[PDB]
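Q: Throw the hints in and build the complete structure from the sequences for me.
Letter by letter, the chains look like this.
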Amino acid sequence: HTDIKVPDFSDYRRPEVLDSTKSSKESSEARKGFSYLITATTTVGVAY
Amino acid sequence: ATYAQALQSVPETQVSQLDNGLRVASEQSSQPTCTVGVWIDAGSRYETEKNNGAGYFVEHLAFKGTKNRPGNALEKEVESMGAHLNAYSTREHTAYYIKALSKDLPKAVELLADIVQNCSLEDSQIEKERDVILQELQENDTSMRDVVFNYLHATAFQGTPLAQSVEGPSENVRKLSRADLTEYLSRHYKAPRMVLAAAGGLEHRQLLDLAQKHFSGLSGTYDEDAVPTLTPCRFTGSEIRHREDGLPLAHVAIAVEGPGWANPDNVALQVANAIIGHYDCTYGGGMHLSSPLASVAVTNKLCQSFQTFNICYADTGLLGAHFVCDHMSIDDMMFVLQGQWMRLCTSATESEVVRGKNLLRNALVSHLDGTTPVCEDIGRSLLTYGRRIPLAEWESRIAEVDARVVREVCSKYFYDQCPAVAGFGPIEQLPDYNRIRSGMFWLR
Amino acid sequence: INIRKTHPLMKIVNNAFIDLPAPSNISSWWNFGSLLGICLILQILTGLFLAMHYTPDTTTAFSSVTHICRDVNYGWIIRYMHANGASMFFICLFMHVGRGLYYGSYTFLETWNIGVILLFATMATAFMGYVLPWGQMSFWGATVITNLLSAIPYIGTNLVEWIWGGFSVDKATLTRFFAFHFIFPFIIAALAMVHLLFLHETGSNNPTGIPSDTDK
Amino acid sequence: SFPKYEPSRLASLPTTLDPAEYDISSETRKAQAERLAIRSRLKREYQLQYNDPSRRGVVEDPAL
Amino acid sequence: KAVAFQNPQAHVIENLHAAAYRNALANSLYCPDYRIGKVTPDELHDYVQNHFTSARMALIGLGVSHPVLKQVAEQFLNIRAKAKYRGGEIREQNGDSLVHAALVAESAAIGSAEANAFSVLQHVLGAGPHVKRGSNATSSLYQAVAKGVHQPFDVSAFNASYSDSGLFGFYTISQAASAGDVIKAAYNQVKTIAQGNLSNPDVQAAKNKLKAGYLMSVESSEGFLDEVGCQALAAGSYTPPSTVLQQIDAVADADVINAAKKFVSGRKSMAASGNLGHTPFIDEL
Amino acid sequence: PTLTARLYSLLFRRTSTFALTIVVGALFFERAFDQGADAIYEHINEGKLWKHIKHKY
Ligand code: HEM
Ligand code: HEM
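If you read the protein sequences in the order shown, they are chains f2, a3, b2, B4, a4 and i2.
Quick note: to get the authors' numbering, add 1 to the position in the first sequence (first position is 1).
Quick note: to get the authors' numbering, add 1 to the position in the second sequence (first position is 1).
Quick note: to get the authors' numbering, add 1 to the position in the third sequence (first position is 1).
Number 31 in the authors' numbering belongs to position 31 of the fourth sequence; there are no gaps in the numbering.
According to the authors' numbering, the fifth sequence holds residues 148 to 227, 235 to 439 in order.
Quick note: to get the authors' numbering, add 2 to the position in the sixth sequence (first position is 1).
Just so you know, the hints here were simulated from the structure itself, not pulled from any lab data.
Sample of chain a3 residues lacking proximity to chain i2, with all beta carbon distances greater than 12 Å (derived):
(1) 180
(2) 206
(3) 282
Computed from the model, here is a short list of chain a3 residues facing chain a4 with C-beta under 7 Å:
(4) 34
(5) 77
(6) 81
(7) 83
(8) 88
(9) 372
Just so you know, even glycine gets a beta-carbon here, dropped at the ideal spot from N, CA and C.
A: Rendered as structure tokens:
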């Protein structure tokens, strides 16, 4: 059962997270903020 | 009385440096029983794909005969003087240690040196131990908690070699050659990285002299400077769900980022996991436990068990929770566990932090008793931290942590993070990933 | 544990609109149920503001509709939104009917019967509301369709005299149709809840018609 | 102290901060040995057919 | 009860104790199968008022001082048989592809040099594997059956010492259709050991084995607590462990072959469990 | 990109802070966008409305 490996998502990953060697702590706030900023602009339009 | 003054009545571990580069360290404590061990930084993280599971195989063939005392004479001397041989290996550490008596110390160190630096492999040995590891994998496919931890590391460290298993996949096990074994032995059983440490009733001079008379002559130079070097990897956050309904109970492991080692957030998150902690279904006082997760889970009959816990590796790790529960109970147990995490994130009071301090101190002192766990304390201390940390230091770091810093740290490392869910069993009711993430950040 | 599965209103709502196990491969055409619902409640709202500005009599009807479309501000978009909302209602409705015919979702029997009752109800509502403006096309469409109801022998003539409220198309016919164009969409909303009830009981339907109870 | 030098299609990645150069496995030693061997043999053939005192024409590279 | 008994060895040891004595030591630690939901608290009140008296109690303190302990003892705690051997067997046909067979005679009570002879004897015979993934170069029973049967098996001796009686024997885990070979091979080994074929450096090796085990039960404060309390109730008098080891290794193989001669002389009792299609009863031995 | 990261750290961490953020954003963009929309509508005619010839009389 130890032979469970993931198929690699290199086609799907974001350009900050295509590096499978750099850490993903200092890459977190910008990515989450960009997604939430799209949600915020949507919410602004709906509230208008 | 005077608990801090009683903590100053604890001996100190002598640290010395054998001329090959070897870290030796001793804690002369007050007992006739000794534990002498070797901690080696050769886990599974330092491997290729084709060297996967070579280290587990080495540890099998670590005790099965050498070029010096061939075949079984090692075991015969162990059972001659009544030695207690033991070994384990993790993804980041590998240790061999011996529980024995105050007087067989030169002969025990001779045994341990002949284990490490003169390990030799043979064809009957490699064939029979390949069959043995096929038996061990085929009979530990059903060790369920082990399968859950395998899935969790595999899904949280995708691509990087940290996702390798401790045993390796079957098709790297059934085709290893002696040459790759010799390469692994050559490239990771090196003098400066490893620690000889003893704990018991014995003086440091004796240990230093015996290490001088035996460990003078292992290693110190690499095969044309092919230096293994750490890579601080990346925590993905995902879910792998193994739907297999013909099982009685369902296992969930949920995990987030590890803080690392040297940061004090290590200690503060260990306080948070002292608050959350562990329940097993066989307790008394079930309706009245102070841990709120277990109180709600018992009164509403949610889970068989949980352990809510920490794991750290070099600049990384898995901070998380494990719970086992019935296939019609996973969702509400999940909900109450995220409720406990977020209640600690935004609304951490003072008395619960005091309870965390009591639990963590008692667990730390109760963990550091008995000669062999104290020797394991010293081994993992001088490997990772590079020093035996004293326990007055732990007292200082506990007393320098209050409710404010705890809710700061849990607001940093938990609140709206990207989790990893490794679920195994009957988990069709186990909620989809988006509602886990929507349950993380909470508007109320 | 959780208020979302203890409070009894939210028990029904959590087992209806939150934790509803739909299948995973819904295509574009299953949005039209929600679209029919949203068109319906927007119809109810725009009609409510229309009912606040309208005087229903054959002397006064066209005067009042003109009054709404001029003087009461934004009532021009309220009127036009009600009319074209009925139009989009029937476009979405024929799409939803065509989907239910096409993907083999018509096996769900009593759901489908409730559907046909809903279809007649929407047709009656649209007919009576289209009588309401009391113009030329309104008037002659009304007279044509009522004598079409009179085509059935021996009771249908008197039935048509009965639904007139007169011997022709009179003021009484106008207020009868005002009252029923008001009161039928509430019946439509309640029967929509019944439609959704039987659908939640029996189970939804994937595009491929495969029994899709493994990938919710 | 530094945002770790994102590369481009123009900015070459320099020799120092690879950071693949510090994970020397035995395969990289094997590859560097064989690559030096290939360069050795090609400079040998080239130098012998470069220093012939009778060789009038050009050395006529098959690579170009 | 279910959580504890999911290991097979709890059922095996309990069916051996229900096979061991004809009397109250055959009662389990655990509640029996049917009493769950039948017993009242009045037995509990009576049981505390006749067994939790001040005359029956050992209070041990570690980390405390003496007079604090003594004073709180003096303020609160001033508030106030002969099991027979049985003979026989219990077969537990269950079917887990694991024959579990424990074979036990009656040996000796606690606190005798005879009991020390039985202890050094069972370390001669077989015990817990001192090498992880080991091969047991010294456990002679494992030697004799590894000579005999080339399969997954495991053989270990067994001592249940009590204040009045005691149990000696061994314990075997094997496959279903190969268990008879294992039990016969191990028993013929015990015969040729109890004949007197047991040598002096093996005696010294087992002396060091028992000395190692006894010093290594009392490493931390928990095993230290265990030893001191069970002594201070069982005897009422502390003894240092060093002179305990002195009293241990004062014996020789005289009492060892006398006691093994008693065991082969002893009327056997046993308990088997599992898929038992090829299991020796008693009579095949 | 850190300008979006520091925007996350300032205005997207908390809930009520996020709500007050979209309040201020919707109000200011409402004002300026209605001004721009009316400007585009007058620009696309510039000679047809009632306002300019009503004040030039
Ligand atoms: C109960 C809620 C409703 C009320 C109170 C209501 C009220 C009205 C009123 C007062 C009118 C006359 C206004 C006018 O025709 O200019 C009207 C017209 C009309 N209504 Fe409704 N209505 C309602 C629901 C609906 C629904 C559900 C439909 C069908 C989708 C509908 C279809 C129509 C149509 C087709 C007209 C004629 C539009 C026109 O000729 O201008 N109404 N309604
Ligand atoms: C009053 C107008 C109607 C409304 C508001 C309405 C509303 C809905 C809604 C909300 C759904 C669920 C949509 C989904 O699950 O994707 C639905 C499903 C369905 N409706 Fe209706 N419906 C109406 C009329 C009808 C009619 C006339 C029929 C035909 C008899 C019909 C047949 C169905 C069927 C077969 C489904 C199941 C869809 C599937 O799982 O494939 N409905 N309806």
